[PDB]
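Given as C-alpha cells, the chain that follows is alone and in the form deposited without this ligand.
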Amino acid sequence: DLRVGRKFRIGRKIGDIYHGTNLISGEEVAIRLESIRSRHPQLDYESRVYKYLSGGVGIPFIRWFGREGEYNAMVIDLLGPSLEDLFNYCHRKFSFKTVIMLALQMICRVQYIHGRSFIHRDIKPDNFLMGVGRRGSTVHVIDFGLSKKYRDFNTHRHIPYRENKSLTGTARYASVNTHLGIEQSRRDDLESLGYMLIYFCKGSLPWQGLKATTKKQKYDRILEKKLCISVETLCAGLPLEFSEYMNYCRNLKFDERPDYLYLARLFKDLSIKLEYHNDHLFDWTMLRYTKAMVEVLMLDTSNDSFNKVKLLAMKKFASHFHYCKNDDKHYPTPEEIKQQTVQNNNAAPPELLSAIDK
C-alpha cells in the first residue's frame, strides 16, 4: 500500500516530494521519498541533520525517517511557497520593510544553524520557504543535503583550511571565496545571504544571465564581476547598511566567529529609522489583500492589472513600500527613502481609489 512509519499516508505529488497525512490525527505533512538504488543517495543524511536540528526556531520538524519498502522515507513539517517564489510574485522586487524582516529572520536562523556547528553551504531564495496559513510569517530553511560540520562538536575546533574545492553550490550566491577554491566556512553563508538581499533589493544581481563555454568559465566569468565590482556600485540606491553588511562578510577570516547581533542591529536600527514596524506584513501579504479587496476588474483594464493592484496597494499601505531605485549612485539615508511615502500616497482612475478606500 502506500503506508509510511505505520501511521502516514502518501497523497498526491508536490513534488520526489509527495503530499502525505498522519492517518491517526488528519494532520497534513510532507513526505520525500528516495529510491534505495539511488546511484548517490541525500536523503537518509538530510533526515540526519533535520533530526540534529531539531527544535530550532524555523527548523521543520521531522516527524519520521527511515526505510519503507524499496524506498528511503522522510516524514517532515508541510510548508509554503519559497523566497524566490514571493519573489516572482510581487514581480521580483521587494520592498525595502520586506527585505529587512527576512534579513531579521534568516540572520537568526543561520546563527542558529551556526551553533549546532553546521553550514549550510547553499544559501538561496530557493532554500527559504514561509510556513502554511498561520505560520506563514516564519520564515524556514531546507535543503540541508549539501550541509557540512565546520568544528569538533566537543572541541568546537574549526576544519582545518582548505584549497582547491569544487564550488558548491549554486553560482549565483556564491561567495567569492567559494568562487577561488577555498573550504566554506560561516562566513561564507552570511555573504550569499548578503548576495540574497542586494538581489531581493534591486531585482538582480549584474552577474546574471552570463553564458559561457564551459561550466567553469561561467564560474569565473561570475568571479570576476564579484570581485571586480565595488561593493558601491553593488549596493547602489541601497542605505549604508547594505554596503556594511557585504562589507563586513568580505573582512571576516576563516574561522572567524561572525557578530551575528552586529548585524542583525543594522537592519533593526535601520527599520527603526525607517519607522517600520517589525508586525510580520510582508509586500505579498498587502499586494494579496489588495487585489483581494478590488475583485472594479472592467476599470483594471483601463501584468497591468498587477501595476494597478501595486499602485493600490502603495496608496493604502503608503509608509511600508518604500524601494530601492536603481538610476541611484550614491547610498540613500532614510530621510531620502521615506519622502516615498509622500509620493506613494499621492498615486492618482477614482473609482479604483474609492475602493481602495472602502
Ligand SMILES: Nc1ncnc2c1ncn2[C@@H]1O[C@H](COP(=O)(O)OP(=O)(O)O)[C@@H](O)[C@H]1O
Second form
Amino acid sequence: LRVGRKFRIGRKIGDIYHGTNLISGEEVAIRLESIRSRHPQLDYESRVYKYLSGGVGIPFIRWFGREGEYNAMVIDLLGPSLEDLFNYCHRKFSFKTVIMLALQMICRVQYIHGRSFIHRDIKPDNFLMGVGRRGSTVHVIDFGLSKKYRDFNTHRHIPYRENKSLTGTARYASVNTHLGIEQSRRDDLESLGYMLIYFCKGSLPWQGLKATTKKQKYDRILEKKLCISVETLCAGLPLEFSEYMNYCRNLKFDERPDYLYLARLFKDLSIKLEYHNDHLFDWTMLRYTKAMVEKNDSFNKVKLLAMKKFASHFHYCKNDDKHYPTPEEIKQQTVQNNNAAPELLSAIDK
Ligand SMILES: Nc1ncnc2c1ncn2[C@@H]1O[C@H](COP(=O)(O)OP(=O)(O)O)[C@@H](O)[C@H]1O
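Could you present the same protein in the form deposited with this ligand bound, rather than the form deposited without this ligand shown above?
The next block holds the full complex; its first chain is the one shown before.
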C-alpha cells in the first residue's frame, strides 16, 4: 500500500483515504482510481490541481501518477465540508458566517477564473475547511468537472454554445446551465449565490421536487428559478444578497466579472453589521460552548448559551420576513440574544 515512494495508504475516509508521508509523518489524503475505469477522471483532476497550485485555499498536490493498477493522487488532508458543517449547525447559518464564507469563496472563484478555468460544480460539498489550525480557511475541491474557458495566452474565450446537457448538480445550477448554454464564469458565481441564500434561509425553494423523468425534474427546477422573483427568493436577507444575484443573472456569456464589486457587497455589509472578519464561525462557537457545557433538544440548549455568550455574532434570517431588513433591524437580535436565559448562565460566563 505504498504510493509514490514515501506515502502509505491508511484507513478510508472515504476511493479517498487517509495517508501518511513515511519520512516525515505528515498526514495527507490519497485518492485512488482503478485503471479499469470506464471514465478516467483522476489524472485530469490531478493536472488541474497542479495547474492551480499556489492559490490561496487550493489544496496542494504532493504526488500523482500510476501505482500498481491504480492512478493515485496525494493531496493536503482537509476538514469538513460546508454541507457537513451546515448539518452540524442544524441547517441554518448566521449572517456573519455566511458573510465570512462569501468573502473567502469569492476570492477562491476569482483565483480559479484567473487561471483560465471555470469550476462548473460550485456547491457546499465542494468547499472544505482546513484541519486544525487551518480550520479558518475555506478550500475548494473536486475539479473533475472543471474546464478551461479561455486560451492561456490570448485569453480568447471559448465559443458560445447551446444544447448542452446539465452538469452537474441541479439544485445549485445556474439558470443558463438549465437552458443548455455553455457554462462560463458567471455560472460559477450564480451557483455560489444560490449557496449563500441556501445557507441563510435553510433551503432553496426548488428543493424536494419529484418528477417522472430526469429532464422533467431539471425543468421543474428551472421553472422555479426562472419564475420566482429575486425579492421572493431573497426575502428576509439584507439587500446585498439580491444585488449579488441580480448581478450574476445580468452577466454576459464571455463577460469578466467584477469580483471586487461582489466582495465589497459583503465586506461593506459586515462593517454595517459590526462583524469582524475573525474566522469565528457558527460551528466554532457552538463547538466551543458545548465543550464548556459538557464539564436535538441538547443542541437547542447549547445554541441558546452560545447565542447568549456570543450575542453580537448570531443573527439569523427570519423566513416569515417579506422584506430586506436594514442592518439596524438585524442588529436588534443582539439585544434579544442577551435577553434569553442560573448554574448554566454561570458556567457560560466562566
Ligand atoms: N483532501 C481531502 N481531505 C479530507 N477529506 C476530503 C478531501 N477531499 C475530499 N474529502 C472528503 O472525502 C469524502 C469522500 O469524498 P467523495 O466520496 O469523493 O465525495 P462524494 O461522496 O460527494 O462523491 C467527502 O466527505 C469529502 O468531503
